[PDB]
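**Q** Here is how the chains run, residue by residue.
There are 6 protein chains.
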Amino acid sequence: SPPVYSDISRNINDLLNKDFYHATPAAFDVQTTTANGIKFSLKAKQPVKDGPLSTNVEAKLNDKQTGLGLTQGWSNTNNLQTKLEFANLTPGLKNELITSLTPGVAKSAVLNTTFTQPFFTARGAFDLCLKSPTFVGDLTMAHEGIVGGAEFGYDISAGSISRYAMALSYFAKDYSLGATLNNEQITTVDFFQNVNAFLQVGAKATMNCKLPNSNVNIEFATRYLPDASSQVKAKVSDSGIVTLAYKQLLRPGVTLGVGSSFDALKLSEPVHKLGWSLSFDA
Amino acid sequence: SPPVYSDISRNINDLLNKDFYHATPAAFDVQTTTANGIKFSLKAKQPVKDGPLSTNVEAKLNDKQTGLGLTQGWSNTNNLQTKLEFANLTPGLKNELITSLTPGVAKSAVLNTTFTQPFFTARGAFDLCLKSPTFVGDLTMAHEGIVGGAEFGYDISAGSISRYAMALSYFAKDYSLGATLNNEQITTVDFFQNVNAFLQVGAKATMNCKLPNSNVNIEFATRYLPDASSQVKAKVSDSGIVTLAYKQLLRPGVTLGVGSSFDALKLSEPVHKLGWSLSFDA
Amino acid sequence: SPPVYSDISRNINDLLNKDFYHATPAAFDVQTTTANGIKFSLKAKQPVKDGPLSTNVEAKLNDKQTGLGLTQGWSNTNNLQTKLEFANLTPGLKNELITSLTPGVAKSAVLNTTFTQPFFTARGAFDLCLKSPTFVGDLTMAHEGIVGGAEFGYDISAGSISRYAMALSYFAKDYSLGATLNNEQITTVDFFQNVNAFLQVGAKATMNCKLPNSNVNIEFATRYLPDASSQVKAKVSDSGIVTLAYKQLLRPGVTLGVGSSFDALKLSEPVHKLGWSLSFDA
Amino acid sequence: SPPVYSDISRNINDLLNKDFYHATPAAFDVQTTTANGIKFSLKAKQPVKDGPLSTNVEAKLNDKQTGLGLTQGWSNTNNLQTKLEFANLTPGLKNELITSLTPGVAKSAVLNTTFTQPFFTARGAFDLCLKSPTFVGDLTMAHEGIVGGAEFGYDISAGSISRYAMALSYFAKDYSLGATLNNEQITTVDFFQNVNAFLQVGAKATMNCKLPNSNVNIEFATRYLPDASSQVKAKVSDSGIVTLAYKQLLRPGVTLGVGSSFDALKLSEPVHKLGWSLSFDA
Amino acid sequence: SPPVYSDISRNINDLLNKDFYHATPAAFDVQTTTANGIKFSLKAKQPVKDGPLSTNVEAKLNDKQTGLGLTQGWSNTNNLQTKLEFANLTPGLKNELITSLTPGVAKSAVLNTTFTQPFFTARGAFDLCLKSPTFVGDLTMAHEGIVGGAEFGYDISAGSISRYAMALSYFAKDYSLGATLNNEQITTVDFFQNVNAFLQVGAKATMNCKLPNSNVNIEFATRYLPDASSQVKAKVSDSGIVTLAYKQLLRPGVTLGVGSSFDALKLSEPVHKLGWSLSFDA
Amino acid sequence: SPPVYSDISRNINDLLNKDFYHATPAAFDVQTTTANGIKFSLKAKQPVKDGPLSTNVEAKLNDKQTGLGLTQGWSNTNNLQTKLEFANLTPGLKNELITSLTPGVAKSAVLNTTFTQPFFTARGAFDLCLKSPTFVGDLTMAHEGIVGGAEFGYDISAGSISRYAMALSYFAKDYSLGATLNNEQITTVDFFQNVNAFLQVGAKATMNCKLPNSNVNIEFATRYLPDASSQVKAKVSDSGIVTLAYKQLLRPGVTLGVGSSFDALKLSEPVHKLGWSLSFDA
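Line by line, the protein sequences give chains F, B, C, A, D and E.
Offset between the first sequence (1-based) and the authors' numbering: plus 1.
Offset between the second sequence (1-based) and the authors' numbering: plus 1.
Offset between the third sequence (1-based) and the authors' numbering: plus 1.
Offset between the fourth sequence (1-based) and the authors' numbering: plus 1.
Offset between the fifth sequence (1-based) and the authors' numbering: plus 1.
Offset between the sixth sequence (1-based) and the authors' numbering: plus 1.
Be a bit skeptical, because a hint or two may be false.
As the list claims (entries may be wrong) - Just so you have them, the derived chain C footprint on chain B, three or more residues with Cβ under 8 Å:
#: 1; segment: 2-10
#: 2; segment: 99-109
#: 3; segment: 130-137
Stated by the list, open to error - No more than 16 Å apart at the CA atoms, straight line, and that leaves these computed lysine to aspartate or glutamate pairs for EDC-like:
#: 4; chain 1: B; residue 1: 50; chain 2: A; residue 2: 51
#: 5; chain 1: E; residue 1: 40; chain 2: D; residue 2: 175
#: 6; chain 1: A; residue 1: 61; chain 2: A; residue 2: 20
#: 7; chain 1: B; residue 1: 46; chain 2: C; residue 2: 220
#: 8; chain 1: A; residue 1: 267; chain 2: D; residue 2: 51
#: 9; chain 1: B; residue 1: 267; chain 2: A; residue 2: 86
#: 10; chain 1: F; residue 1: 44; chain 2: B; residue 2: 239
#: 11; chain 1: E; residue 1: 274; chain 2: E; residue 2: 264
#: 12; chain 1: B; residue 1: 274; chain 2: A; residue 2: 86
#: 13; chain 1: B; residue 1: 40; chain 2: B; residue 2: 282
#: 14; chain 1: E; residue 1: 46; chain 2: D; residue 2: 239
Think of the hints as simulated: they come from the structure by calculation, not from any bench.
Positions of the beta carbon are idealized from the N, C-alpha and C atoms, including for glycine.
With the sequences and hints as input, model every part of the structure.
**A** Encoded structure:
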């Protein structure tokens, strides 16, 4: 099945968003399942090293039936997030919806409809509650590994098109190259090369075609697995930011993560990021 | 028989308010039972780190006879809390009474009647030996899995309802979800989950629905058993309060517990309470 | 037969009064029995490390032939205390006579008459020599285990009662309770329990109803036997006064005892002290 | 192999400086390994006045693959210590590197090197990255059972030495004497004796030859094993400081130690301490 | 071989100056022997109630080889002694030395030569390392039971005789008398008697003829053995000083002693001294 | 064989001058013998309770050979009291002599000669040293139980008779009456009546024939012997002086005596004479 627009070239942005523990100095995740399968979890993060500790509790369930689902998330700041997944009649056509109920912050309900069919993937977006009807449509076609994609943020209230973005990639067994153009001023390219099951390497460049300011922005990210129960991966950028991350498996079920961010060829400077994470799983 | 309302969600209440030793730096318990069947005890606690040495001695008996159950006890606070259980005529009609006899300070007697029926629980309490008597009652109903109930309180002196609460839970084979609301002002949703025979985990969130205050007060506790004669448990609140506890059974009949009270992101201020306890049993 | 009034609650009054070697820093007891049958003894006490040394020698004998019993005393103060015990009148009525001859202080003589019958016990004491006739008596009954008595002191010169106390206890197979009320209030409630041959525990509370809204002094003492040739025991109190004692039988005939009494909690007051005791036998 | 200098009289120091937990009133450490050999460890202490906490976590590994060593630690003060050990350049010469990283305190790095070979061993240290290199070196030789060593520190800023010591030991099967001479006219003469598997005694006396005013101190400590899962220590200093320690092994995998240190014969100065320690091992 | 002059009437001197514990309130001895021949010791006495805890450690060896013997004692109060005993060339000619090295105080070593012949004893002591050397020499003869001898002290600096004493004693099977004269100013007569293996008794009288009032002070001592593992002994002088002592072996290698010192004349003055001693042996 | 003068009417003198422990508040006698036969003893008596303690040491020997004997005594008052006994040639004719060497008090040497032959016992005592030679002669005849006696003191320096005493008694199986007259001014009549082996009674009166002052004084002395290991005996005189004494045998070899004295014509509280006495024996 062809990937969805959000999942095109997921392998490259997956190597610089996940398993990075340099942003939150502390992290505390607990996951647990029950007999019938209702998953529950609690996450505790800390953005500022000398500030409060944010915590959210999530209750998500799925079923191998026609596709009913329900997710209820409740954080410290009380933005209750509810999900609803179902297809029922039409197979492959899921109807998802997300809300954010808050006594202080205005609620925002988003309706997503995804139709899955070979060589064709499209997604709808409907905004409710607040008076701002926007349809963030997107289309994706797959032709012998060539994956195309177009995103358009058409505004009903204004009557015009806000965002117009294009993307084109080519998937293969152990290599995939893609590119994207956002509103014809941001150009992004990637070079993902999978070495083997024990090593991954990727590159991501933002050419940013714009005559007033062109500069250069490149990132090289690696991922090395010494063995099954370990992981170490680091990225490097031209600005000197070199971030390292080390994920270790303690007693089977609990994982520990250490992340750090050094700045090369800039002496030491009075700034540095380092943090740890402790994830449990029943 | 459905559980009494006052004893609803005892599973979650026993994770964060029971078998914790951090409020008293030292404690001494002795539990002796005579051949007659009177169980004598002693509790030598210590509330203040450099103050008085609190100690109490109590006796009680519980026989499978017609139901004469007597309990008494003295303490260092110069008060007595006697207890008297009996059924006699009606089976299941528990008529308990609690006194707070104290020299000088006016005593108060609380007379409780608990009457059980299949799928019905009713408990009432009269506050006698007081110039301003009060009555408090509660009701509990069962729905073959949905255990609900409520409580009301009537002031005899005033002539109206003083405190109205309503609770509704959902028991299952290995998890339980409940929620209680009092005065439309305090709200508490609990959660208890038995992973397996050797691990328990639960959460409790008090939201306090009101416009002036913000955020929420949530808590998360676990309980682990390395084997029969051990118990290690830990709880964490959103404020960073992390309390540990570890009870160990050295000799058969002798238990030793320890406990700390850390503070995430505050290792520079003396707030950390820490204590131990020795309990003996013949 | 009902116990004497002074022997009421002897199992508890004796548990926390004897074998505590903390008051005297030194002790030297020699007991020898001569061939004729008189029992000589020599006690050597010394209160406080620097100061006087008290030496007491006495010789006592009992004859089961006719019931004559004589005791001869001699202290370092050069005073003699005799004790003549005899009945020779009827089975169930014996009299005792005690003198306190001292060259400097006026000698005093006391005549005690004890007359004991099934279910009734009474005795009286007189005060001769010095012009102060005081008659102290008591009367105890026993109704199948419940043992209650009362004592009173009448002054002939004054013409009224100077002290009026009443005690009531409930003995059993292995535990005993009881409450005594002296002249004003000082209502004292005790508790003694003999769990097995290798451990005894006990408590003793004094309500002191004379002063309303005040503290209450309670004590709790144990007694443990590691084997048949040793003893160790301890007592606590609400003021933190903790007393330990250890009696070891070094060789048959010679026993040693080490006792300390440190004030726990606050370890700043110099009130710890320490004492030992040696007892011989021939 | 000849003993290295720090191992000279290592038994004496490991007798009166180890397992004496009377200083810190609390200690909690967890030791655990992973699927591969990493051996995480977490220690947490507490000073006397229940002030801050001193917690750190470290992971050391000794890979037998071409003799690799790595020890990275992390304390709550953002203090990271890195230890690198390797010997793959010459058989019999191993190189160590110790680093310290922390924002506030200046960064430090010492390069250690040890040259070992039969009948000859020497060390060398370079405390660099401080704008003041201090060469700390020493060497020791053994002939037939008598070992002797010497230290020296030469500074390039002053052009001379600032500290030198001369050691002389006579090891044997079960006892070892020893004598050190420090440039401050300090002479420590010590002896260690291992009478049997259940008892070890030792003594150590320091003589200050700089000030000949009877300034001689002498301590001695013992180590007894009542069984194979217990340990009792006792150290007596000349000033009357007596230190006790009792390491009891609970269920195999957890140890608990209780230490106390008072001043004998002077129970008036607040110099006595009591503390405990819990060691968990997975 | 006849006893040396210092060893005449050692039996009486081992009654009133041995195995008494009325001097030091507390003492602690441990004696350890390695499987080489070296014997260590750790003594911890206490001179007065307000003095430092005295401590010394000595090690000595006595080999059945050619005769080399070394004794070295490191003390706390800078009163070290070292002894060197050997015979080597002549069998029986013992050449000992004693040192009193003290930092600050001029040491005074003494060189002792002892020659034993049948019916001839000659001992000479040279006081070297002193500005005013002395020489103390004594001779001892024996006539089939009557043991006599004399001692003279010649001053090298002066050239005269300072100390001139004689002694004459009669040893027998179970008793021994003897009178010694010192400078025709001090005359003493002793008496030692051995009733049987379970009892000893002796007396000592000093007259001091160079006194106008004489005031002869005699002493009478006993020694009783209740069994193999006990030793009770008491002595009494004219002024009523009655000192008791009791040595008991609790475990094999562990001995305990208790000593007291009465006055038996005046009992309102703190003249009484008291003490205990606990010695160990491996 | 007829009794010597000093032994006539000794039975009555034995009931008032022996086993009366009322004069010395404290006594301490130790007697010991040796396998060959020289008896040694040490006595310690205290005349006044607030004074010093006098002590003497005696060494006396006797043999079944021709009759040589030697006694040597030495006390605090420094008197070398010696006794020399010998007969050699003539059997029965002993020649005793007593001296008292004292540096301060003049020596006194007395020579006693006693010739023993049936029906004739005479004694002569000389006087030496001091220049006041006397001769104390006495003669004694026995005729069928009638015992006469005449004592004369002739002064050599004066040439007259100073003391002229005449005694006459009649000994029998279990009764004896005596009468003596000294200087025709001192009349004494003795009446001893032996009841049996378990009781002795005696009386002694002194008429004192003198017209100016005649008065009367009589003494009745009893002695009760309960068994072999006990004795109790008292005397009563007409002067209001009654004294009691008790002798006990505690362990086989050691005796204990207690003496007391009352008063009838005076009574009062602060007049009492009591004292104890210990006497060992090897």
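**Q** Hint by hint, say whether it matches the structure.
**A** Checked hints:
A stretch counts as covered by a chain when three or more of its residues have a beta carbon under 8 Å from one of that chain; for the segment 2-10 of chain B and chain C the count is 0, and the coverage is violated. Only residues whose C-beta sits within less than 8 Å of a C-beta in chain C count toward coverage, and the segment 99-109 of chain B has 3 of them, enough to reach three; the restraint holds. A count of 0 residues in the segment 130-137 of chain B with a Cβ less than 8 Å from any Cβ of chain C is obtained; the coverage claim is therefore unmet, three being the minimum. Between residue 50 of chain B and residue 51 of chain A the alpha-carbon distance is near 11 Å, which keeps this suggested pair within the 16 Å criterion.
With a CA separation close to 13 Å, the supplied pair residue 40 of chain E and residue 175 of chain D stays within the 16 Å bound. Distance restraint check for residue 61 of chain A and residue 20 of chain A: the Cα-Cα separation of roughly 22 Å exceeds the 16 Å cut-off, and the hinted pair is therefore not satisfied. This hinted pair checks out: residue 46 of chain B and residue 220 of chain C have alpha carbons roughly 14 Å apart, not beyond 16 Å. Using a Cα cut-off of 16 Å, the hinted pair residue 267 of chain A and residue 51 of chain D holds, with the two alpha carbons roughly 9 Å apart.
With a C-alpha separation of about 35 Å, the suggested pairing of residue 267 of chain B with residue 86 of chain A is violated against the 16 Å cut-off. Taking the CA atoms of residue 44 of chain F and residue 239 of chain B, the gap is about 11 Å. The hint holds against a cut of 16 Å. Among the hinted pairs, residue 274 of chain E with residue 264 of chain E is consistent with the structure: their alpha-carbon atoms are about 10 Å apart, no more than 16 Å. Straight-line distance between C-alpha atoms of residue 274 of chain B and residue 86 of chain A comes to about 40 Å, which puts the hinted pair past the 16 Å bound.
A threshold of 16 Å between alpha carbons decides the hint, and for residue 40 of chain B with residue 282 of chain B the separation of about 11 Å falls inside it, so the pair holds. Taken as a hint, the residue 46 of chain E and residue 239 of chain D pair is honoured in the structure, with Cα atoms around 10 Å apart against an allowance of 16 Å.
Consistency with the previously given hints fails for numbers 1, 3, 6, 9 and 12, ordered from lowest to highest.
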